Every structure is written in C-alpha cells, then in structure tokens.
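Quick setup: one chain, the form solved without the named molecule, written in structure tokens, and binding and motion questions come after.
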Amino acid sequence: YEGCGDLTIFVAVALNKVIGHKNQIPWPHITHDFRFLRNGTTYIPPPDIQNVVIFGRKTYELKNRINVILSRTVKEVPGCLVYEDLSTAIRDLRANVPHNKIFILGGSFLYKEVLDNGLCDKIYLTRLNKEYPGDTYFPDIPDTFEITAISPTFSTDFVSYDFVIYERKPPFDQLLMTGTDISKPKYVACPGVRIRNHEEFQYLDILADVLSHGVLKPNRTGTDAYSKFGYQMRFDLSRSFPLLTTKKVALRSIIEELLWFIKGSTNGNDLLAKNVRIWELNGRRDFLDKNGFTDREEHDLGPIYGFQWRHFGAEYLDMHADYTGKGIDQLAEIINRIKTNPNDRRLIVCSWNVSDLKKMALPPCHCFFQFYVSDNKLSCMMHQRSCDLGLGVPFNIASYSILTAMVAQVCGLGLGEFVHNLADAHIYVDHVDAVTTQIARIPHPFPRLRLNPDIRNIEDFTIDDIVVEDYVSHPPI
C-alpha cells in the first residue's frame, strides 16, 4: 500500500457501532449530519478542482465531488470512476486524476481495509447516543488514534449526537504583554482535545483550574478544600440536557428534590418516603440539637428553599403547619409575570430570606435565580454561593436545567440558556484523585430532556413526567 496513505474517513455511528441496516441508514435522517458531511467533503483551501469521495458497491445513495466506486462486480456506473482495488484506486487517482483530497465514505470493508493498513490520518465521526438495529458496523478504532476535536451536543426529536475528529498519535508578545513572569498548569483536562466545543469542557476546565490554582484553606465541614472564586458557565438547553458524562450522575433524587421544592415542603420525611436521602443527615436529632433546634421534630428542616419559593415572608411554625395564602408565592408570581410581561427585568426567585437564616438547617446554596425572555425562549441564571465541584455542582446544573425547561413548557416558551454563577468553587482534598481521573476522560454527547407535553401547570409535574433520554456516561467515580 505505497502511495495510499493519508485517507480521511467520514462516518455516522450508533452507540452499538451500527452504521447500516439492510443497506439503509438505520436511523431517521439527520439533516444536520448531511450538512456536516457535505461541508467537510467539499472544502478546498483558498479553481475548478474537487475533492474525491470513495465508497463500496453496497453504499446505496454526490454533487461537486469526484465519485469513486470499489467493486469487482461492475465496471460501469453513470458519472463515477470504478476500481477493483483500493491499492489500484488511490495510486491511479493520485497520478492521473487532478484533485484536492480523498475521502472514504464507507462500507465496513472499505473502512476496515483503510484502517487495517494504517492508511487513514483523520476520522470525522458523528456520534449518536442511541443503539439502532443493524447488520453493518464500523470497525473498532485502533489505540493509535485519539479524539482531537469535539463539537457541541445537538439533538433531534429522536436522538442526541455530536461530531468528533480522531487523529493518529505561542508568540512571545502574548506572554510578555501579560506583564507577569514569561516562564504551565499542573492539571489540564483532556490535553489531547484541541478543539473543545463540548459544553462539558466548561466544567472540566474549572476542575482543572481549581486543582492547579486554588488555595488550600479550611471550612465549616472539618475537611479542607482547594478553593477559587468566581466562574460562569452557560448551557444551551434547546440543544441538549447538560448532565455530565465524564462520570455517571444519577438524577432520580435531584428530580424528587426539585418537585419537593415546588410543593413548598420543608418535611424531610416526604423525601425519605421516596427513598431520597439528600437531606437526611441535616434532619437528624444530632445535627439539629447541635445547631440549636432543640424544640423541632426530626426532619423538620425549617423555612428552606421550598418555603421561600412559595411563602417568602410568612412566619414559620413547623413543617406540619398550613401556609396557604401566607407570604409571597415567588414561583407562582414569576410564572404569571413571564406569561404576562416577558420583558420584565425582575423575574427573580430569592431563597436568601435574611430574616429566616437563623431558622434554617442549612442556609441556601443556590440562593437566587433569575429568568429572562428573548425571542420566545426562556433563559435562567442562578447564583451558587458555595460550590462543591466534586459532588454537588453536577446535580445543581441538572436541577436548574430541568426547572427552566419546566417553567418554559407551562409558559409556552422555547428554551434558551442556563447560566450558572459559581462563587466559592472548591474541591475537597479527599476528592483530588477522583477529579484527576475525571478530567482525563473524553466526554460523550450530552443527553436530551423530554417532558410530558400534557403538563400545563408547574405543580402537576411528577417524576414520570421528566425523562432524560440517551444518557451515555463514563463509570461512576
């Protein structure tokens, strides 16, 4: 295979490695993916030259490109060049047919032959987060390749997906003009990935930033933490559901917790009854008496989140009390105001009720969020005063992404962005090794969120009405 190196693959691959079913594409058409494949395969560095596109006899369909077929069962096709061998086809085109670049568009045998003889330098692979029935498969990529580029996660009504590139294996004034010493972070997330458009990299980079540059200082828990202050992350909720994929995150507890905030409950038995334990330790006899709540029942958590959302300013008594018509129903008012005046700049739910702090088991961590409406899409921004990057923050991202999607449905709006402000972002010293493993993992396409579309009031959502589809993740750490 002399002179047949540097061939580029384009392919779309399901989660179970299927690329074809009965000579057809095993999934419903992804228009986006064909826009992508076209754009990549027609690009000419900046007169009438074209790129070459090669496929096997099976691949049953291309404009503005040279088409080359590999068959031993046909030598004539309308419009196409035909060859019996890959060896023969590459040598011939590169000597006698003037072109820019050669792409390989498929048949498993074409891909296996291209891969087995080390003839491919680059693979543009559309990753689909779903298994599809099939009979034709993309061969395993040899350990000789790594992913160097990742796009944002996208989605259709039936799958989430992205594009990757696999490949084989700074001017002085930019340093001088910082004003600081001219002469490398101890930790870098996925150093091999050079084009880093997956939203999850926002999170990996922050982990890496805190471990590299955070100050080791103490805190209320006893265990110390590396800490740094001030970050902002954004997630496009029209596109994907930002549930982290570099480790497995379970959401059942997060969703029950959100629903419980929405019901305005301060009763921790409501969660335990569903075997949700997030809040258990903070409702126990020990923790309560230690924090001065001698006179309160176990699992009475005080006027925390849910109380503030539905009853801000009401006098708290106990978790059994009736607070209907008491205090200000922030959540209800703000949903109403979104429907009635989407341009309002005060679409805020504040849990940081300063008067009620002394009565709370834990003062709120996600203290404050604000909605925004622009072109019929709902955005949300949330302030998080204390941010556990090891264990906490990933649940918080999902929670407020789900809430925003919930509020958008009931208000008849599309989805914009969740913007998450982190104040004291920290990694506890015990988690340094878990995190080091995490930032080394290449992220999968994010999942999608599907809400029951019949639900028209925020109070009517239940756990079955909130489904995350197509969640592929690395193992739990």
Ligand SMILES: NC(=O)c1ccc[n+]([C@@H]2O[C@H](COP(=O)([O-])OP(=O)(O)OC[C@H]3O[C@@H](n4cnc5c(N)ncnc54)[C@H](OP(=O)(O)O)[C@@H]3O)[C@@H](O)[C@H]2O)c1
The other form holds:
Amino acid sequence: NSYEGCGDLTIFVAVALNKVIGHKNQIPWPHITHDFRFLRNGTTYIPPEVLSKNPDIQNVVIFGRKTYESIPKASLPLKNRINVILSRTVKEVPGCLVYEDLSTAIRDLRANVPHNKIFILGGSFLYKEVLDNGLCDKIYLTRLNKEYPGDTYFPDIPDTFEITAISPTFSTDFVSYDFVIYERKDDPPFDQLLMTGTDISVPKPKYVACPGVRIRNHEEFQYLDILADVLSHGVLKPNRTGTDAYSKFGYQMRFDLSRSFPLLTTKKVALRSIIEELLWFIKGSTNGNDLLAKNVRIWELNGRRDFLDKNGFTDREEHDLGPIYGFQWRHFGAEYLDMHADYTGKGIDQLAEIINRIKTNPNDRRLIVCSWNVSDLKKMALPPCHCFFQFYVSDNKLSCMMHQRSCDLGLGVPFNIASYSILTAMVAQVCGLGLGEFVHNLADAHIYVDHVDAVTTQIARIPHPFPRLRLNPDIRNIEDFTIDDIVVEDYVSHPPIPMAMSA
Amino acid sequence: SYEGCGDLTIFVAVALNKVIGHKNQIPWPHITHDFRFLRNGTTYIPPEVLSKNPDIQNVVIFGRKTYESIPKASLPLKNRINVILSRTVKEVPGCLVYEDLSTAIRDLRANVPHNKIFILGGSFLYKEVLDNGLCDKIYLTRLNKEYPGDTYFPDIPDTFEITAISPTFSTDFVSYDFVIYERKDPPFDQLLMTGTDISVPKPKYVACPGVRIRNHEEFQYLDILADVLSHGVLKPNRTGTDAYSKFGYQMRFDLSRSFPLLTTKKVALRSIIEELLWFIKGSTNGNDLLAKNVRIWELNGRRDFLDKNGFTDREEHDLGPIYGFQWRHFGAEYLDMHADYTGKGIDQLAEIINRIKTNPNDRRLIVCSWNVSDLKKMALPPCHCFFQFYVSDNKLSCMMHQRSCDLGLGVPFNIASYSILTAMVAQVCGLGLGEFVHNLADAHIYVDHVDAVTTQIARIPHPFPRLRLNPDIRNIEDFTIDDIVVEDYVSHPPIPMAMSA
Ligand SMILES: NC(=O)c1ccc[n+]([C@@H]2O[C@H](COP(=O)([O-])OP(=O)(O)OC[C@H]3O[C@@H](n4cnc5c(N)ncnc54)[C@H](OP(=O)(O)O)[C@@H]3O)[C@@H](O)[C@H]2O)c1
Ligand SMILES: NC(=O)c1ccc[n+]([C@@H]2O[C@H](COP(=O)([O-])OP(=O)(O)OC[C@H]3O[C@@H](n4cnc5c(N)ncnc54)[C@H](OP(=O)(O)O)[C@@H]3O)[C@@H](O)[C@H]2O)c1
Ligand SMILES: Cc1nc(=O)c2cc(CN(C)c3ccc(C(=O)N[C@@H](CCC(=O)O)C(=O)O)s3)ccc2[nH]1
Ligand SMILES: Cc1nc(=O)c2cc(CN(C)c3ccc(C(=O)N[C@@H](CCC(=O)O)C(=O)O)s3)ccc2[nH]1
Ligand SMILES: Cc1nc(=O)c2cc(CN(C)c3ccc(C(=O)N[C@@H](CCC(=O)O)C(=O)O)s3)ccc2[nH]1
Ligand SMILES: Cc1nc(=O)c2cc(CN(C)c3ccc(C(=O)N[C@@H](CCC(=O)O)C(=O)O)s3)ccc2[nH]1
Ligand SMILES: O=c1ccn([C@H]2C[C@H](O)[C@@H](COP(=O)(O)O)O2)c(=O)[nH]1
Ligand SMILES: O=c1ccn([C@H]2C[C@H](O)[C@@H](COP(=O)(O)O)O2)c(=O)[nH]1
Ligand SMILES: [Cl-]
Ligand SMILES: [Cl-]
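Output the structure of the form solved in complex with the named molecule; the preceding block shows the form solved without the named molecule.
Once more the chain from above appears, this time first in line as the rest of the complex follows.
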C-alpha cells in the first residue's frame, strides 16, 4: 500500500460553522489566544514516562507550504516541536524538514527521526489527503458557532468518526466556541464496588445521554444526565395534571455565565418567548393578555375560562392570573384586587430593594426575592414553580441561586434556566458587576409520560457549543430593558422537538 | 521463620470495645449484610485471573475454635479453600489442616494453586498475623456499640491507615460501616478538555487525605469545609469578623440508614432537639430555651443587640416573628412574644403534614419562613428559609434552602435538625424515610474558626448514629425530648467554636 506505515496521524484544526478554515492565507476570524494555547498544549505534550526515558524527545507537526507561510515569521519554527513542511516546489526551509509527499515523510520520520507523536496542522490539501486515505484516528477540533468569509475549507469528517470529548463552552466578544475530540468507532477496582455496601452487580441505567461522549464537560450534559436519570430511576406518579410523570427529587446544576449563555442546543428553544415572559415579570404584570398581544402563548391555558372555572376562579376575568411572580417581585404584601388595579407604592418592591442592596451592601446574605407568598397562594392561577432566588457577590462577580419546587424537564425547565441567566446578567449590568454562576436547584423533577419519546430523541443528540448573551450596555436600570436590548448571538441548535403541555 | 508468609488479608467485625467473640459465638445479633460483605470480599477473583484458570479459588484460614463456631451446614465455606490451624485435630472433612501458620502459608503458595489468602480469625490467628507483620490489608466492619465478650481483636498498629469507608448502615440494634485499612508505606485529554490551565495547583486543604474511597456521607460536609478554605473568597459581612465564602452546594443524607450527627466533633444534640421543639410549638420567646439550659439564641435576644439593631421597644429575648411564628402563624400580625395567636395566620406545618397524608403527590409541600413583610421585625432573618417535602415509594424526603451557612457552628445543627423533623413528619404520616437534601447558598467559615476546622477535617469519621423516635407519638406537637433518641453515637472530641454575634 502507498500509505503503508503512515496511519494514526492526529489532526488539530479550528473550524467555522460554514466549514471555513482560511481566508486570504490567514485565519478567517479574529485571533482567539485561548485556541492557540490549546493547539500548543495539545501538540507539545509528552507522556511523563516517555519524557523521563528520552528527555529531549519532541512531537512532530506537519503542514503544507501555504500554512507555513501563514504563520508569523517570528514564531517559526514552532517551538519544542519538529516542524515538517510538505512541498514540491521548495527544497529547504530554515529549522524545518521538507518532504515532497506525506507518505515519504511519515515513513522517513518513523524510521530515522526519533520523536513521540505526529500531528497534522493543515491545510486542506493535507487534511483532505489524511482523511481521504484513513490515516487519522483522532481529531482535536475547535468548533466556532459562526460563519466566516473564507476560501479554504475543512473536509467532511467521515461517519466512521464520533465525538468522544466536549469541553465547556467558551466565548470571546465576537464568537462562542468549544473544543471537541473525534475518534474512530472501531473497569473500576473491586474495592469500589464492595465499599458501596450495596449489590456488587447493579443493572446499568436504561437511559444514558450521548453514550459515546466519554469526557462530558459541556454544561448541557448536566441537563441531559438529569433527563436520563429520571427516565432510568424516577418513580411514575400521578399528579395534579391528570397525566402521570416520572419523578425524582433533588438536583443542582450550575452554569458559568461569564463563558456562555445556557440556551439548550439539543432542541431549538423559543428564546423570544423566554425574553417576553421575563420582561413581563420585571414590569410586575399579572395580565396574560400582555403576553398574548406579543404572540407569546405560554401562559394562555392557565388564564382560560375553563381552567379558572375548574379551580374556583369563577369571578376572575380571563387571563387575570392573580398575584403571581411579577406582582410578588414588585408588590409583595399588597392586597391583590385584579389585573387592572393600580399598585403604585403598594407592597414591598423586592426586586428594586435587592438590586439597590447589591450596590450598597454586596456582602449582605439576604439578597433574596421570594415569590412564595403563603398568604396569596390561594389567589394564584398556579403557585410559582420558580419560588425563590438569591444573589451573591464575590470578586466583583454576581451569582444567583434559584429554588424550583416543580420542574417539568421537557417543557418548563429549559425556559427557566435561560430566564434566570438573563435576569442575572441584567442585574449584574445595572450593578456594574461581572458574571458568576447561575445555580439551579430542582426539587420535584419530572418527565410527563407523553414526553418520553421526545426526551429519548433529545438525549442522544450531541450538544453544540452554547451561544452567548449581549445586553445593550447603555441600559442602566432594570426596568428600561426592552427585547431589542437582549441579544443572543451564535445560537446553533438541533431541530425543535414538539412537546405538549399537560394543562 | 515467616519468610514468604506475608500479604495476608484480614476480614473481621469488631465492636466498640474491641470484642469479636463471646461463648465461641458472634457477640451481636446476626447482621446478614455483614456476612454478604465477608462472602463477597473473600470469594472475589479478578476476571483476567478467572478466565486463565476457571476453577481457581481463594483460601480462607481460621483457628480451630472459629471453625467450630460456624454452623456445620455452612462448612466448608463454599467456593473457597478452607484451612484450619490446630495442634490437636489432624483431619477435618473438606478442609486442609496445619499445625502452624508459617507451614500452611508456605505449603499453600508452593503446592496448592489458589488466588488470594484470607485470615478469618480468631484472635489466636489475628494476634499472630499482626504481631509478625504478615498483613498488608484489613477489611473491618465497625460496630458503634459495646458488646459483652471474651475474645478481642488486637490493636491495629500505627503503620496502618484507613483508606476506605463505606456509607453508614443500621439494623434495629446497631449502626455500623465497612472500612479498609492498609500500610502507610488522569489521562492528558482529561486535563486538556477542561479548556483551563493544564497545570493545576492542588487545593491547600484536603479532608482526610489518606481515605481514597470516601463513601461516608460526612465526607460531603468535610469536603465543603476543605473547599471553602481552599477556594473561598475572604470577604466582610454583617458580623465584623470576616469569613471565607463560596456559593452553592447540595448535600444529601439517606435517613433510612443513619442519622447525620457529625462524628468529627461531639455535637450538642440536646440543644438541637430543644431548639426544634421550640420551633414546632411556634415560640418566639428565647427564655423558653434559656429555661432548658439552651443558650444558642441568647445573644440575639440581648438588650445590647436589640438596641443596636433598632429594637428599643422589644422585651429582652422577644425575638419577633421568627421561624416558629412563620411555621404556625404565617400572615398574623406580630405584637409580642406574650400575645395569643391561636387561630391567627396560616399554620403551614399543620397544613403540609395534612396534605402529605391526603395528597402526597402534591408538588407544593412547602413551609416558608421568608415572610418578606415581617423580616424587618425579626432579630435575625431566618438562615434556613424554606423547606419542601416529597413522597415516593412510601418514603418521605425533604429539601431545605439555607441562605447563609456558618459551616463551623450553625450548619452541623441545621443538618441534624431537619433530619429529625423529616423523621418526625414521616412517623406521623405513616411513611418511611427517604433523603434530606440540604442546599447551601452563602457557605462560609469565619476567620476565627480556621484552626478548629483544620483540626476537624483531618479526623476520620466514625459511623453515624441512628435515630429512634417513640412509636406511640401520633401528632407532631406531642414529641418531647424523651421521645427523640439517638443511639450508638461515637464521636471525636468537641471542638470549641465561638460565635460571631
Ligand atoms: N483554522 C485552522 O485550523 C487552519 C489550519 C491550517 C490552515 N489554516 C488556513 O488554511 C490556509 C492554508 O491552507 P491551504 O489548504 O490553502 O494550503 P496548504 O495545504 O497549507 O498548502 C498547500 C501547499 O502544500 C503543498 N502540498 C502538500 N500536500 C499537497 C497535496 N496533496 N497536493 C498539492 N500540494 C500539496 C503544495 O505546495 P507546493 O505548491 O510548494 O507543492 C501546496 O501548494 C491558510 O489560510 C491558513 O490560515 C487554518
Ligand atoms: N467478629 C469476627 O469477625 C470474628 C472472627 C473470627 C472469630 N470470631 C469469634 O472469635 C471466637 C473464636 O476465636 P478464638 O480466638 O477464641 O479462637 P481461634 O483463634 O479461632 O482458635 C484457637 C485454636 O485454634 C488453633 N490455632 C489458632 N492459631 C494457631 C496457630 N498459629 N498454630 C496452631 N494452632 C492455632 C488452636 O487449636 P488447638 O487447640 O486445636 O491447637 C487454638 O486453640 C469465637 O467466639 C468466634 O465467634 C469473631
Ligand atoms: C485548534 C487549532 N486552531 C488553530 O487556529 C490552528 C491553526 C493552524 C494553522 N497553523 C498550523 C498555525 C500555527 C500557529 C499559528 C499562529 O498564527 N500562531 C500565533 C500564536 C502562537 C502559538 O501560541 O501557537 C503566532 O505565532 O503569533 S497558525 C493549525 C491548527 C490549528 N488548530
Ligand atoms: C405541566 C406543565 N409544565 C410546564 O412546564 C408549564 C409551564 C407553564 C408556563 N411556562 C413558563 C412555559 C414555558 C415553556 C412553555 C412551552 O409551552 N414551551 C413550548 C413552546 C414554546 C413557544 O413556542 O413559545 C416548548 O418549549 O416546546 S410553557 C405553564 C404550565 C405548565 N404546565
Ligand atoms: C466482616 C466479618 N464479619 C464477620 O461476622 C466475620 C466472622 C468471622 C468468623 N467466621 C470466619 C465465620 C464465617 C461465617 C460465619 C457465619 O456465622 N455464617 C452464618 C451466616 C450466613 C449468612 O448470613 O450468609 C452461617 O453460615 O449460617 S462465622 C470471620 C470474619 C468475619 N468478618
Ligand atoms: C455568626 C453566627 N453563626 C451561627 O451559626 C449562628 C447561629 C445562631 C443560632 N444557632 C441555631 C446555633 C446553632 C449552634 C450554635 C452554637 O453556639 N453551637 C456551639 C455550642 C452548642 C451548645 O453547647 O449549646 C457548638 O456547636 O460548638 S448557635 C445564632 C447566631 C449565629 N451567628
Ligand atoms: O416556570 C415553570 C412553571 C411551571 N412548571 C411546571 C412544573 C409542573 O410540571 C407544572 C406545574 O404544576 P404543579 O407542580 O403546580 O402541579 O409546570 C415549570 O417547570 N416551570
Ligand atoms: O440556623 C442558623 C442560623 C444562623 N446561621 C449563621 C449564618 C451566618 O453566619 C449567621 C447569620 O448572619 P446573617 O447571614 O444573617 O448575616 O448565622 C446558621 O448557619 N444557621
Ligand atoms: Cl451583564
Ligand atoms: Cl415599630
């Protein structure tokens, strides 16, 4: 074979959403220093055992002539690595080995040039040859969630590869991105099992999210693992709605809001409705028509005549939802009359108070907005699912924890995660703080029985990098945010998954 | 003399007074779980070894008296080579017999194919194995109670350390766990795919660093202490003693198995129980606790604190509309600690206990103490703000949100307190016990507690105790301190920790 002995080459590459890798012999996007540190660390690692036996050993990096010309001259040859250039027009390049083709080079290297591992650093001529001929067994790929103008493209990865590793999602001010590993498709010590004190042979879980992904550092795996856990181990229970659900109690997810915006990528999520709902909460509204007028229908069934009449609200106007979330956030303790009454100056404006306290006393440990107003529960169309939330400041960063008493994992939860993430970013901005973490506590977490097929489909889908959130920096008071001031960039998702509401 | 006789592995079960036998029998009632542990531990063959020789077995060695203490119908122990040491019996059916240990170990390793050798007592054998350094690993079941006995496990030499601890388990009669003693003498992609520095300085503080298998629930708490000391931000707070702080944790405790009263220091249980009873009765009068020799709320009811925080017209120890008031009278107009609130406000505790009985699948089983309208009247707003029950498989669980968590002082009380409350509610509702899930928001260690918590996180946990409530108690208001009993509590010494106000 022409390529006898030239296999197990490892690719590093960074690829835009449209598959572009190069533009006018340069990188098509603004410099991502993080990504270069990742290439460098990836391509210069020698296992400790190998380095102790041959302390001067290095890895090899191979690239095409044009890619060599695309690297700043002061950085060449790439440090701590044997640089190999392929060319049929140039014979000699300072500090590098030069070969006329790949097969010659790999063979020469492995027989005559002691080294550790060989890496392929492009361009497309090389990537294409390496992929077209089965020579690569692993690909380290940086995924960028944006299209870029370009003239040089990464070839399609064959379906013989699968993603086995995904990093957390990162972002610059111009793109969101992550790091993945692709590999070709083709146990714990006994004391671990013994010292659980339980059965040493446990039936493994019936459902596992993305079972081919071994390194699972994308934050969305927290959610997918929860879906799989409830399906695997949840108890089927009746509930208020009349559609039964699989249920399990107590989870805690966290999302680093400085790095990405946690809008699920495993289905297309309706962001516009999330933003409109949040703005409605912030303005204190209990009038469901304010959402219908904006083509947001998420609260419609809970304001309808037949639901109201079914739950004792026979004197309530349609879509008068009672003293729910927004009324509690802005008017806790005020006497609810109807959705048309004037509550200016009535009750306690918790949102205003807490935002002011974050500014004036950030180390306070009572930065809480509470919607569980025990005195008003009976008056609400539905008691709040997201009950309570608390802020925290350290090192000039704002975090938020939220208690969700009841968590419809298929429908509500994805909205709830995005909602509090926006709110936290809004509060951080108006308080001049950076972003910490959103911590989401799930109490009764459940999957309605009519969503099982949808969730089964969803947990097999490989997450894309999360998008990023940009708020208009001119907005200085939380009441002034409008939907045009809240922008999610670089959202790449799998298709929407229809999921029917029980009620 | 013992050349080639090392690396013997001991299994044993030991009571708190070191007793292992009584009248040539086991001193405690039978723990079937413990025997499964023994059987599983001593019959295991690695899969690589088992496929190369499919008939291979481990060896179990015991003294003659231990062999005579095993029911005849179980002998020889199945799937193992049974070896008895004796100078008076020469033949035992189904077994090998030797006159001493060195002879037997040498004969076995030279002439009797086998996998691993286990030492199953008695004290004549354990004493020989330990005195002569022949053991490298000990699987030991720790029982938290003393038993009458006449046969004792020898002291384990300080050349051994505990390297594994199971969760705590319990029967009706004892709490126990499994531990491993041994002699004191990450693939790159995992580092790369974090996307952060590949060279990561180890945390400055690590709880019980010799323990590698860390299945005791108390490690959740100790790990948090170490995490806050290692990675918490030092910042000011209301008290004027700074604290190291980190945000957002979640612990869980299986209340069916044990009672999570910390064992790494002696915790003042009596005060936890009296405080809980005071909450349940809806009291806001701090004198009701002082009269019972419980002073945990005393500084917060003092004139000096009241007057500095603007409560100049409040009687001393009138704490205002705090926890108990909100539990039993949410929405009532607070006057003072001497007023009658009978039939005023919403009795959340009563309402939720009834709903657990009538509609356990309800998803609003919440008691909330964060009464925004009353916060300004409280001597201190509640630390444990909100709690929520859950029922599945005839078991009650509870989750509680703690806004502010003094890891040194308050948190150990808070864990035990909600554990008792959940057990109490389960009993009056006819349910079993699920889990207590404890959510920590601002979790912190005051600077003057750093020395104390450094001492504490190096202590090896004992098995947790167990809770027994008087079974005759039908209504939550009828529990008295005599009805709430913690059994088998073994702990390290108390650690003094001063309150920052
Ligand atoms: N984002 C990323 O990860 C990444 C990675 C690499 C490169 N890039 C970008 O990609 C662009 C450069 O890649 P490119 O594909 O244009 O060029 P390239 O593959 O780097 O260079 C092509 C040259 O290499 C020689 N060569 C090697 N193998 C060959 C083959 N099989 N057939 C023909 N010639 C071969 C030839 O030089 P002679 O003409 O001397 O024979 C050919 O002209 C730049 O814009 C660079 O910034 C991006
Ligand atoms: N909790 C636990 O894990 C555990 C484990 C084991 C046993 N036990 C309890 O321990 C008690 C029995 O232990 P024990 O200490 O009384 O007796 P033991 O050690 O089992 O047996 C003593 C007898 O075995 C022979 N023997 C032991 N070591 C020998 C050696 N090195 N060389 C020659 N012969 C040796 C001698 O028999 P001859 O007199 O025939 O020479 C000696 O009299 C029982 O109550 C049993 O239930 C408890
Ligand atoms: C994950 C990945 N990201 C990339 O941007 C990338 C680029 C190349 C193209 N090529 C092989 C390059 C190597 C180095 C370059 C560069 O412009 N470097 C900067 C920073 C130096 C460093 O830290 O590596 C410079 O020299 O100024 S461009 C090949 C594989 C890749 N792989
Ligand atoms: C059983 C139940 N589960 C819920 O999640 C729930 C949610 C709300 C209000 N809530 C806050 C909602 C969030 C998201 C929703 C929803 O229907 N999402 C659909 C379509 C979104 C759209 O097109 O606007 C989806 O995600 O597929 S509804 C009201 C009653 C409920 N009842
Ligand atoms: C951890 C441990 N616990 C023990 O109780 C124990 C006992 C011995 C003493 N000896 C080595 C024994 C082996 C088996 C026995 C026994 O009494 N078996 C009962 C119980 C059967 C079951 O529940 O599985 C029997 O055979 O009926 S007693 C040795 C090591 C130990 N190790
Ligand atoms: C800064 C601060 N931290 C607290 O944990 C705290 C707790 C209370 C009330 N609380 C709920 C208490 C729980 C436990 C306590 C305590 O002092 N424990 C000591 C002594 C116990 C005793 O012997 O009675 C200890 O555990 O060492 S105090 C009041 C103010 C506070 N202030
Ligand atoms: O923002 C929301 C609002 C509601 N729910 C879900 C949880 C339940 O499935 C249902 C409310 O029903 P109850 O728990 O109140 O029965 O809606 C959410 O997940 N998020
Ligand atoms: O049951 C309690 C009561 C209080 N605290 C702690 C947390 C804080 O350190 C302090 C209360 O002070 P603030 O958070 O309110 O400032 O007491 C507890 O840990 N548990
Ligand atoms: Cl922001
Ligand atoms: Cl007043």
